[PDB]
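A.B. asks: This is what each chain is made of:
There are 2 protein chains.
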Amino acid sequence: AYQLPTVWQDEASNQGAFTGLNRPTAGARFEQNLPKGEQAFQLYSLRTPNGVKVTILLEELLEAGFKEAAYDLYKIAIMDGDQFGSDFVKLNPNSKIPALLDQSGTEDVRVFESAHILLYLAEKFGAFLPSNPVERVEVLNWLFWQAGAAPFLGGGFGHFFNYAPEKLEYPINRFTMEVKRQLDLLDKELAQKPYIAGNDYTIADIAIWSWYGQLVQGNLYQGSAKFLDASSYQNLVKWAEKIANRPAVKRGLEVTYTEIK
Amino acid sequence: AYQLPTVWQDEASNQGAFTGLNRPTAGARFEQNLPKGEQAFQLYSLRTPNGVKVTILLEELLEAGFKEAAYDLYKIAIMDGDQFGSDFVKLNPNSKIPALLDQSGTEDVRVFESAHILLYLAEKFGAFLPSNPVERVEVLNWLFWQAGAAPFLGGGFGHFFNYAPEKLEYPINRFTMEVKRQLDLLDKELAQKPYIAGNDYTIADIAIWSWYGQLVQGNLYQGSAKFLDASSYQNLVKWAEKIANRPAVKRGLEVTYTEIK
Ligand SMILES: N[C@@H](CCC(=O)N[C@@H](CS)C(=O)NCC(=O)O)C(=O)O
Ligand SMILES: N[C@@H](CCC(=O)N[C@@H](CS)C(=O)NCC(=O)O)C(=O)O
Ligand SMILES: N[C@@H](CCC(=O)N[C@@H](CS)C(=O)NCC(=O)O)C(=O)O
Ligand SMILES: N[C@@H](CCC(=O)N[C@@H](CS)C(=O)NCC(=O)O)C(=O)O
Numbered sequence: 003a004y005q006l007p008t009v010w011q012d013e014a015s016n017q018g019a020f021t022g023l024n025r026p027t028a029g030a031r032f033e034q035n036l037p038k039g040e041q042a043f044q045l046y047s048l049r050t051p052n053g054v055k056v057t058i059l060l061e062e063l064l065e066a067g068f069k070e071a072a073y074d075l076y077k078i079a080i081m082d083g084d085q086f087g088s089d090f091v092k093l094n095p096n097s098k099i100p101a102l103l104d105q106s107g108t109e110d111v112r113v114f115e116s117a118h119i120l121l122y123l124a125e126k127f128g129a130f131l132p133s134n135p136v137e138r139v140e141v142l143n144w145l146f147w148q149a150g151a152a153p154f155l156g157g158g159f160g161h162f163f164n165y166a167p168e169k170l171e172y173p174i175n176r177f178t179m180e181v182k183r184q185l186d187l188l189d190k191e192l193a194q195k196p197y198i199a200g201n202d203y204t205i206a207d208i209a210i211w212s213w214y215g216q217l218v219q220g221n222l223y224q225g226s227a228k229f230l231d232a233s234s235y236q237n238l239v240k241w242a243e244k245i246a247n248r249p250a251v252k253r254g255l256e257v258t259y260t261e262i263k
Numbered sequence: 003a004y005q006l007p008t009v010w011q012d013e014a015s016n017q018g019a020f021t022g023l024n025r026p027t028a029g030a031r032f033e034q035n036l037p038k039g040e041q042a043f044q045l046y047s048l049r050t051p052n053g054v055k056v057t058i059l060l061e062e063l064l065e066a067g068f069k070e071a072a073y074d075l076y077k078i079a080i081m082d083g084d085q086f087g088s089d090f091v092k093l094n095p096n097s098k099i100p101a102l103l104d105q106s107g108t109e110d111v112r113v114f115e116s117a118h119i120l121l122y123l124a125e126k127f128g129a130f131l132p133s134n135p136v137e138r139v140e141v142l143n144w145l146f147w148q149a150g151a152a153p154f155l156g157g158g159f160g161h162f163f164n165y166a167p168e169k170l171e172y173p174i175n176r177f178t179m180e181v182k183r184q185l186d187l188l189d190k191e192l193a194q195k196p197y198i199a200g201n202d203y204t205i206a207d208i209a210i211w212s213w214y215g216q217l218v219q220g221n222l223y224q225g226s227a228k229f230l231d232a233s234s235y236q237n238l239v240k241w242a243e244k245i246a247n248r249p250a251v252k253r254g255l256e257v258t259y260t261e262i263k
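These protein sequence lines are chains A and A', in that order. A prime marks a further copy of an entry chain.
If you want PDB author numbering, it's the position in the first sequence, counting the first as 1, plus 2.
If you want PDB author numbering, it's the position in the second sequence, counting the first as 1, plus 2.
Bear in mind the hints are in silico, worked out from the structure with no lab data behind them.
Treat the hints with caution; some may be incorrect.
Because identical chains share one entry, a pair is satisfied inside a single copy or across any pair of copies.
Said to hold, decoys possible - In the DSS-like style, the derived pairs of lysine-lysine whose C-alpha atoms are separated by at most 27 Å in a straight line are:
(1) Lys98 x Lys190
(2) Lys92 x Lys126
(3) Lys77 x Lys126
(4) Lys92 x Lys240
(5) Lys92 x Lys195
(6) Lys169 x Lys244
Looking at chain A on its own, in the form it has when it is part of the complex:
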């Protein structure tokens, strides 16, 4: 058995692919000058569940006729430490993608947290978020929900199922049970409504689809759809298939990134 220390020390445990990148301290580790284009929106991201949220919304907005949603899109390679460069830390001191710079105003505005970026864009354009104050509250409920729930899917289930050097029974059981409760929840809501927060497709759908929709379609962690009995959540599956077939979702998944070095 393990003797729990009275004060924790970093004794470099092997945490899988992110060992060396994961640290108990925050901050920039090297000077980095990021490229910047001419469009209003400079998006510093990666094709991941969080990153596709934002490229899906931007493509949906473009598709809806909002041509002022044109963006430049740069690859921050988080397996390479790019998120620790000084210019990226200026955009998001948390060193995570996505981070958005909006240089459209008179002052540059940094926007981070994927769910926040969804909100910020939706409010800016008045689209994919209902104007009706009551419908709006219910959309935000699910948006914030996603923000609070995804860590258990990504940081818990994902990490212990896919990344950790050893399969560990008790944490796998704990996060698997939780992810299944989240999938049952979503499935039971989608049994009653065409979209997560009602009758229309919104930023809540985008936020949740990028994680849970891709998960049930078998496009997240290898072997996870089987493991989680994904095809059992048939309301969620059907909603995810519908979304996957939207032309802007396809584009928001296929858009290509500009390198930073």
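We have chain A; now place chain A' with the ligands onto it with these hints.
C.D. replies: Showing chain A' with the ligands alone in chain A's frame:
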């Protein structure tokens, strides 16, 4: 070693105090009629890090002279299964506290996710959230941040350090490292600014203080301040002491709850 199943089954693992309450399915488990008062705001909550966020904001608003922020406050005992009663599930299908009913309008509006409740109240009253659109974005950055980061503190560190039947080396190391990175981040921001998002106390402070401020003050998990070397984050400590001394924070921690049965 453990043989990872190809399809996961619930083989009732002992998860600590929340075994039986934690399930791989969502939904109401019994018919429940919750009490309701006359005030605009009916808050169904518990004195926890999430619950104190909302009672702190309501008390701050009352203290600022907003008397329309009067609320009724009911105890949902999550160690008792209260969060699975049919009326609570109607307020929050995720079966978590806090959940707010605003019955002030012409239509009842359910608001869940603690961070969302903070936003909803702040916007409703125009207080503890800056009006200036640029300052506002930066406040929301930290608000959403808190929403995304707390699961690692609560659902990861908290659970493996405090609740799990056995102390497990690898998950403790993983979530301890993460919680320490979050504390270093906050500490490095508070080195530069009096409050988390700038010069004024906002809902971002409230949201983050209720977790990280109480943690460094030694008011979260027994033995965690020592374990995490809390007194090393002296910017965070000092900010947390300042907040703790606000008269409405005291009230928002001391407010008493009305039972539901
Ligand atoms: N709550 C954040 C989480 C974002 C996040 O986890 N980003 C990952 C990629 S999907 C990342 O940048 N990881 C870098 C690292 O942890 O070093 C959000 O929704 O934006
Ligand atoms: N530092 C992260 C690196 C991996 C990562 O950032 N994962 C993302 C998905 S790409 C995640 O789980 N995000 C959680 C969230 O979105 O809240 C870890 O070790 O878990
Ligand atoms: N992201 C949610 C998390 C809320 C949450 O974790 N609530 C806990 C109490 S602090 C709860 O109700 N737990 C009940 C359970 O898991 O059965 C929020 O911020 O409101
Ligand atoms: N079902 C929860 C019960 C405990 C709980 O709800 N914990 C709260 C704090 S009281 C939490 O960790 N919330 C995470 C968040 O706020 O995002 C678990 O097993 O972790």
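A.B. asks: Each hint needs a verdict: does it hold in this structure or not?
C.D. replies: Results for each hint:
no. : hint            : result
1   : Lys98 x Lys190  : between (32 Å within a copy, 16 Å between copies)
2   : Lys92 x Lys126  : within (23 Å within a copy, 31 Å between copies)
3   : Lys77 x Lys126  : within (24 Å within a copy, 38 Å between copies)
4   : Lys92 x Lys240  : between (41 Å within a copy, 24 Å between copies)
5   : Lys92 x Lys195  : between (41 Å within a copy, 15 Å between copies)
6   : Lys169 x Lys244 : neither (34 Å within a copy, 44 Å between copies)
The earlier numbered hint that this structure contradicts is number 6, and it is the only one.
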